[PDB]
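Q: Okay, here's what each chain looks like letter by letter:
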Amino acid sequence: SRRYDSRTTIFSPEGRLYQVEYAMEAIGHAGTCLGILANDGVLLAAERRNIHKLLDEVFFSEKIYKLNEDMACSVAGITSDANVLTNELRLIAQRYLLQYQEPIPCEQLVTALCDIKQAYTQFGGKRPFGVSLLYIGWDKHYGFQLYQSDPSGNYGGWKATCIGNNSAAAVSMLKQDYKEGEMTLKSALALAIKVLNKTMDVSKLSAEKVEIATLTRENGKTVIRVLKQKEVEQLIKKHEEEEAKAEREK
Amino acid sequence: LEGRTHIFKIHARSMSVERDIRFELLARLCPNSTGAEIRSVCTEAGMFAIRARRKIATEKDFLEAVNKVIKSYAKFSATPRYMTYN
Amino acid sequence: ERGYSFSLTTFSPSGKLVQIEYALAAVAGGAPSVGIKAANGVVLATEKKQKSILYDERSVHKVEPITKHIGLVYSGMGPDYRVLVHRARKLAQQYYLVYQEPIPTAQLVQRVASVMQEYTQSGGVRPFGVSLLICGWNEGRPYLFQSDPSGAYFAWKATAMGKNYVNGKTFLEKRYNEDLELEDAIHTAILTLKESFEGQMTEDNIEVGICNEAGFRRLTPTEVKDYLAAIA
Amino acid sequence: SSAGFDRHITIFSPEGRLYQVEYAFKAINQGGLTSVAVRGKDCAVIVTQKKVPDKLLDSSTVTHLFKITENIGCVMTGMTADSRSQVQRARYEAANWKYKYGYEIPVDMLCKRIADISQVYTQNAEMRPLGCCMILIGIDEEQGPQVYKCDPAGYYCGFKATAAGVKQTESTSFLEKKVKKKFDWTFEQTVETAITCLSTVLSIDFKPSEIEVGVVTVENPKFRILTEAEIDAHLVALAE
Amino acid sequence: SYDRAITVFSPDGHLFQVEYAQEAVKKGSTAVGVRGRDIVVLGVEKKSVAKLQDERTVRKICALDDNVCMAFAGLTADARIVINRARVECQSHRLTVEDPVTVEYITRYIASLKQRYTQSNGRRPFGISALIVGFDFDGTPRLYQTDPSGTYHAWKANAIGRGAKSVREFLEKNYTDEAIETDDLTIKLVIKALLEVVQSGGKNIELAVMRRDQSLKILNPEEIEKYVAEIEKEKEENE
Amino acid sequence: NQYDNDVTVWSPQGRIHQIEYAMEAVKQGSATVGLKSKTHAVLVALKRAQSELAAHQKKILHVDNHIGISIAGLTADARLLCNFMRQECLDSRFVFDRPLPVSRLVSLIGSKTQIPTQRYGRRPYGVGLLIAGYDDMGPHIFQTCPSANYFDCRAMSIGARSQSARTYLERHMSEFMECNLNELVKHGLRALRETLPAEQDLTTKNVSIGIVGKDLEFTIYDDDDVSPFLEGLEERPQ
Amino acid sequence: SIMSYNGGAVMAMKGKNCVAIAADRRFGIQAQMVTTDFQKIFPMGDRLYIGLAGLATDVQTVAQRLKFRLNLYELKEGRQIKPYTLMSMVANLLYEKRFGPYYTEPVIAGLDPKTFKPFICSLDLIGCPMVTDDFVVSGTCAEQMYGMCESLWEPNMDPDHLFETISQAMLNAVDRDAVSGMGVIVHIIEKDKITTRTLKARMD
Amino acid sequence: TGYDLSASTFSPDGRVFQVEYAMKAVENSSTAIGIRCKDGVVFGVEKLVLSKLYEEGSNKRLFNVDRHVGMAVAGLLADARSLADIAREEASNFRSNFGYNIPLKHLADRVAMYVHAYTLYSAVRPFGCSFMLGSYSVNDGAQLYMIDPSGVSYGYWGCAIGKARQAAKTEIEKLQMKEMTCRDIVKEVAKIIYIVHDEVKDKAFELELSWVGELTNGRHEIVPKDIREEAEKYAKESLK
Amino acid sequence: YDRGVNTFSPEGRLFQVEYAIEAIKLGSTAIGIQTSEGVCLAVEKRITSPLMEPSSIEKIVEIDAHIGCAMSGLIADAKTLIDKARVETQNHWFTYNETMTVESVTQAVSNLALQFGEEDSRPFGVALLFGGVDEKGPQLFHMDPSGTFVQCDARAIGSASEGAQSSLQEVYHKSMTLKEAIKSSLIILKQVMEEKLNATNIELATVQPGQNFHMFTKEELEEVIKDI
Amino acid sequence: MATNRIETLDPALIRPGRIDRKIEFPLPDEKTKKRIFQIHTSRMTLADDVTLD
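Chains as they are written, first to last, in the UniProt record's numbering: chain H, 2 to 251; chain R, 348 to 433; chain E, 3 to 234; chain G, 5 to 244; chain Y, 2 to 240; chain W, 4 to 241; chain S, 2 to 205; chain C, 6 to 245; chain L, 8 to 127, 134 to 241; chain X, 329 to 381.
Calculated directly from the structure, the hints in this document are not laboratory data. Here a beta-carbon is modelled for each residue, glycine too, at the ideal position from N, C-alpha and C. Accuracy of the hints is not assured; some may be wrong.
[Unchecked claim] Derived CB-CB ranges, DEER-like: (1) Y/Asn175 to E/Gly5: 50 to 56 angstroms; (2) G/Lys171 to E/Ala231: 38 to 44 angstroms; (3) R/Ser419 to W/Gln166: 36 to 42 angstroms; (4) X/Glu352 to Y/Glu20: 16 to 22 angstroms; (5) L/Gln122 to S/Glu75: 51 to 57 angstroms; (6) Y/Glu20 to W/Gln203: 43 to 49 angstroms; (7) H/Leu55 to G/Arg228: 55 to 61 angstroms; (8) C/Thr175 to W/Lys61: 55 to 61 angstroms; (9) G/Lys171 to C/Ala172: 30 to 36 angstroms; (10) X/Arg363 to H/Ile52: 45 to 51 angstroms; (11) C/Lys183 to G/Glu145: 45 to 51 angstroms; (12) E/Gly5 to C/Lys238: 57 to 63 angstroms; (13) H/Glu248 to Y/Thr58: 36 to 42 angstroms.
Okay, chain H solo, but in the shape it has when bound:
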């Protein structure tokens, strides 16, 4: 009864963990997200993996999961493990609100989920969670935030994020087009449109294959704007006219 045992916890004799890296290489496929925090708001971007013509789009949601009033998360990896994670995460934030009657700050939420993931990395032989996922949100102490979960339990705040293997060049692009706090909400959207236009190899970026949701700060509302498709269309037209204006320099 031990020769069948798969040993997904014991270190490898190369020097690192073994199953952890392969969960990372399971992150690398089927997924490509980022967001752009650079004032008054923060956004998320997403690629349709099932962009087939025979779906319904009746969920009024996609990759985004509004997990509270003031936080959502973008998924990349195996989807339904993340549903297990979103249910547990939503329930964690809601029990915190039950305990204090004040909304949940974003880093102890992230560290709670990171301790859950490390709890299945550390002991037993259980299969690790093959899900990395993002975080947007608001607090009383820092404003708008961005966080990067990893299947190890390691996290890290960013100002311009990355999950999927197609988006490492996006991080190169985010550095080459880095701004010091300039999110008028049209500049950041045009930059995100430019990034997803270049990094995905889908020619000219059909707007049904993308997804953009924003989070702005209102006094009593903290609205999360999972925006509709027409503004995405005119955003694509704006960016393609600006690419035609930009290649007048040749």
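Got chain H sorted already, so can you dock chains R, E, G, Y, W, S, C, L and X onto it with the hints?
A: Relative to chain H, chains R, E, G, Y, W, S, C, L and X alone:
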């Protein structure tokens, strides 16, 4: 224990060393080791003597050789899975 | 039961869940099916061949209701199908205890997908070899939800699962549209089931259930025998 | 196509099959035994021979017909230990039905519960899947008689002329050549066809002391095991 | 649960996972720490940041009490777990005995947890190595390190992370009592040791001190720039 | 040898080798000899040491007022079954307020050691018990095995090279039944003087004797109240 | 009794196309008042309130528990909650403590989320729902508010006469009561908007 | 290879090799037979002396489970004791709950289910025992059962367990059962055990005989074997 | 080729306990000597670095006010057992108003020297030397990972125990004194250690019926070493 | 001999007596990279408007 003392006497009898040193302390740091590793210790202590320009070994040369062979390449070491005779 | 509790499910060197890929192949080796949503109702249809001329067609049932307005078929192995059917039964009644209201189909698919995903993580057990097609008419708009062994789920306008799902799907892309009636849905469903089955299709080789906004309804071999006049 | 451990426990192979249950389907075949069930108009008939090579061995405790409840009989094949443990599971859940739900269990629900139990032996990979086959019979109100079969894979089903064991590709071929041709179904059309289909498959034409006959009829809904005298009566009754 | 023994002895007398989980420490970031007599100083090198993002979440130096300070190496998640449990333990000690928590107690707790963690049924050993610097009652600066084996072990200066042999060789030829005379010089001594370590651009040089009657102060990376500048000035004055 | 890993695995020859390996673990103890008359039961063991300066590892240990056991093999399993032995004795001594007969105690020992010999992930107990006792019907000399196949005998001997002991006991088993304590005990240690090479024997330094009597409580002796027992001997032959 | 430990009164009244819920403001320990700003009417989404009366411990506890389950439900399902669903949820939450009962009498008053249909109901301390068409009350001064609402209610009411009727009812039924007084808050809601008025009650 | 390891795995041809290896584990033990008469059951066990090795009275394989039931075990011995303790416990539960003597069928079925349940899993090994069970009752007659390592439990007139298994039943089948009182059968089993299993590999042997029936008035005990000494005075006359 | 960890040998022993007896051998040495005046004891610290502060390494720890100890090899497995042994001695003096003798201490330790298993994990990796003065005079005691506990008059352990036992049997007899045994131990120490013997290398622990508690502060070690 | 991975080797080759020196090749630093870019641009008309950093 005494086997490695004698194998140090074997690999050491025809080489340029400082005979004022001991060999028992060298054998006490090699609990699970083969004669091949002993030979590597002797030769590598010589090779550390070639780093400087000397004609006689020192005790420190052999200590460099021990912590160079055994503790460093003990990740490979060839006998944690042949002592069980897999 | 013994203290092992270890998951036999391991990622590949590449990063792939080999037991889920194999479970998808085991789904693909099963009996074909098709299910179509068409403006007023949802039609499910399976393909139920007896091995001999000896077998009875009144004992085993593919189309199976979960509540009074929620139908459910599969394409895979019946021995796992009945288990997770029974689980969905017990699960829907806790919702109706809590809220005193019939459960929405999206909430069923959430909870069933949570169960199946949570079970493929769980230790010393194989995944289910079953892909579902769940449907129902909740709050006016009817729905259709396909799941899979990997725990995921989708929402379709028309789809198929089983043998020659690719051929049936290429027939569905050409054949279906936005707006039909229930009868035309039955027409295109028996057409795409007639795409892959054997030549003799009778009141018993198929087994068809519908959904109205007035509730779920499981059709009989009487109306099935009524329907295959000017067949497909 | 085999990968890894898929020949030892119940997992998925690259061709997609699991190999434990499709080894269990011939775990029946080491029994060396044949069983035939027949359902006609208002009767239902089990027939199964016995293999006692010993004169020191008894004749009463070789019985495979196990009266499950007062309206439910059964017969077993495959290995004996699996069969008897399966029988006590069946008896315990029929008694649980009688306690919880008051009225007598229909033969359908019993097969459903047994199939689900067999799935639990199949679903988890750290318990052996009970390599025995189970045949049920019973009377239902508003439906007459029924005949059902439960497999080690966990798929219950049930049908008109049903047979499993060793030689039943040939037995189901003869039962296709016999129940599809529009025969009516008397108490003796069923009994004659049951003895003679096995008597043509094995080609023995034997004593009244080898087969066991369990019948149930809607005149006496009790499960009933026949005696050597009336077995002899049917056996000389098929002698033209 | 999981009835198995992960860590078995070797045929030649080792624990594979205790000696081998030190390699994960060996392939992490470098961090040094010395004690002066009145001011304590430590800091990590090799943040290896993306130079264009947040940095308040990647902080490798934290505290458990107002008296005690952290550092670690290896992988960061196990450090996060151990720090959470250590915070709980030090505050629960404050619940009982009314002293500020002694550093020796919290190091014994961390090492004891680590050893009963390696001993137990199927728990993977912690591939970290922490530094626990604090100055308890009557102002005595002390500093201990940990190990995946679970051996609290008092030192006078640090040698962990990547290339710790080189750093300890520099501290070996730099054990001057003169270096711990001027607090500023002790800070500059940490800067010079970490300068004899990695790039030390003055970007990944994250250092924090405690003057043993205050709490930890994380230094703003312009003061560290002037420290590196005066170190380069003294290096020019050497010629 | 892929069948020689666990207790659970039957061999293709039916011999589960974990039990055979535990038997070989019993064979690597010290020699010991137990033998009974009609009225007195005597068990005699041989001590050994790790070095010259250290003391000798004791073998005969007390259990109860009329029950004493010998031992061979491991000492952790020895003390484990020892603690279970005192516990099961004083349990019935508490409840029934009578002494235990030995046979039901050894049946409890076999039923205790059965479970770690059948399930997975437990070892067979490497143990070498030689049990001497008094129920109402006189002395009993039992031995155990790691296979829990307990024996009643009139004289056994287990440990290293203990077979010559059995040969000596065969040619005096007719003489054993009649005699009193003194020549009985010296027959036992004459078994011990042939379990040894011919030039180092029992110079008050390695032997221990435990007698139980109809009026005598079970008592251990070591070298000094054995010096009366060691005289009254002759030399080995040429 | 334990119900008369802190006083309390919650009235809900169904109008023509709108619904009005009101409660008292007083908090104190049987004869000693403490504050005049204790909240007993909670918002549960838009155009749907709940009122809680009885022991204040169970008031705040059940309000937070219900807010917990309510936000979990509205996050598991994107739609907002129907009032019968909320009634059944409160019934299940109270009935989980069948033998460990909370001391509260919840009153739910809200509009339909799809139409402009009003809704009122009340529950007992073990979870007994009761839907009516005119009014439900809860607290110590039951008989006073019963006399007022069976005296003053009309079926088809514009919000102004609704406001004045519930105003006169609460003022007079509270003024006859002893342990419950010290101000009245009134929520008058409709399809378009939500109005909250406070009345000039006797501060005695 | 690989398929002989676990007690849970099946074979490519459909049998469990653990159960087979455990069946032929009992094959090396001594020959122990049993036979019933018309008012009782007689047991008999060949026990072998090597030279000394014990005292006339250790480890007697004739156990005694209930007041009217005893074992006649052969095979691995400690497993047989544990099974006897389980059988005593089961008869204890039956006596404590239903208030009367255990019928031998129910006892055999409970014991068979326990042995079968130890064959189902990989945590435990199958038993290495094969034993006999005899009884007598005024309303039930004589019943003799037999339980293999697998768990197949049914009834006999005569049986044999050990090395010599056919050659011990060659002459069981030459006796009869209706015409014999058990007092003849005592010396019959005695003379045959002295006949079978010649002096070749083992030199001295020793006989035990258990004995239950109407003559013991429903009790089960060992014979006063020294009384009437009926083996040997015909056994030394059985060599020619 | 990974077998079950609770597997005996083809020859008979076990595996993992034998590998523990191998794992002792890498540790540092220690020497304890029974004398009727009292039990003396010595150890080597094996100082590695000058950055390594020397007075913090524990080898002699304190079980009771009259029961001493020394550890070897792995430090922290020894720390658990030292803590627990202290707890059980405190339970004995509490429920009995008397001192738990050293043999009873070591019986209480080697009761669970081997309880290693998967239910109810590995064997421990430390050799222990136990001293103290009970009513039976001075006692010196030595256990192992296998629980095979024996009395020893002057046992030497660990990496240099071969020549230590041999040269110890050269110098030892029954009527030794205290200080003679102390310098007789540290002569063997500075024949078996590698570094120069000084104030920081070794540490002593002596417990006497007269010198009632084991007490050994620094710089009487200086006076003992300059007596060589 | 030269390998990528070393842990999948049969250690009987990797004992001394056969092979005495085992040498690690790590990804170097951010200083000797300047030598690598320098030497691999040492024989080209590099337009000096680029920075190797």
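Q: Next, verify each hint and record whether it holds.
A: Okay, the hints, checked on the actual structure:
no., hint, result
1, Y/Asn175 to E/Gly5: 50 to 56 angstroms, "54 angstroms, holds"
2, G/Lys171 to E/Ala231: 38 to 44 angstroms, "43 angstroms, holds"
3, R/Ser419 to W/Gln166: 36 to 42 angstroms, "52 angstroms, violated"
4, X/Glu352 to Y/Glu20: 16 to 22 angstroms, "18 angstroms, holds"
5, L/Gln122 to S/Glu75: 51 to 57 angstroms, "53 angstroms, holds"
6, Y/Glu20 to W/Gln203: 43 to 49 angstroms, "44 angstroms, holds"
7, H/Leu55 to G/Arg228: 55 to 61 angstroms, "58 angstroms, holds"
8, C/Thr175 to W/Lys61: 55 to 61 angstroms, "57 angstroms, holds"
9, G/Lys171 to C/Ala172: 30 to 36 angstroms, "34 angstroms, holds"
10, X/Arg363 to H/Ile52: 45 to 51 angstroms, "48 angstroms, holds"
11, C/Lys183 to G/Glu145: 45 to 51 angstroms, "48 angstroms, holds"
12, E/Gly5 to C/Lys238: 57 to 63 angstroms, "60 angstroms, holds"
13, H/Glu248 to Y/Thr58: 36 to 42 angstroms, "39 angstroms, holds"
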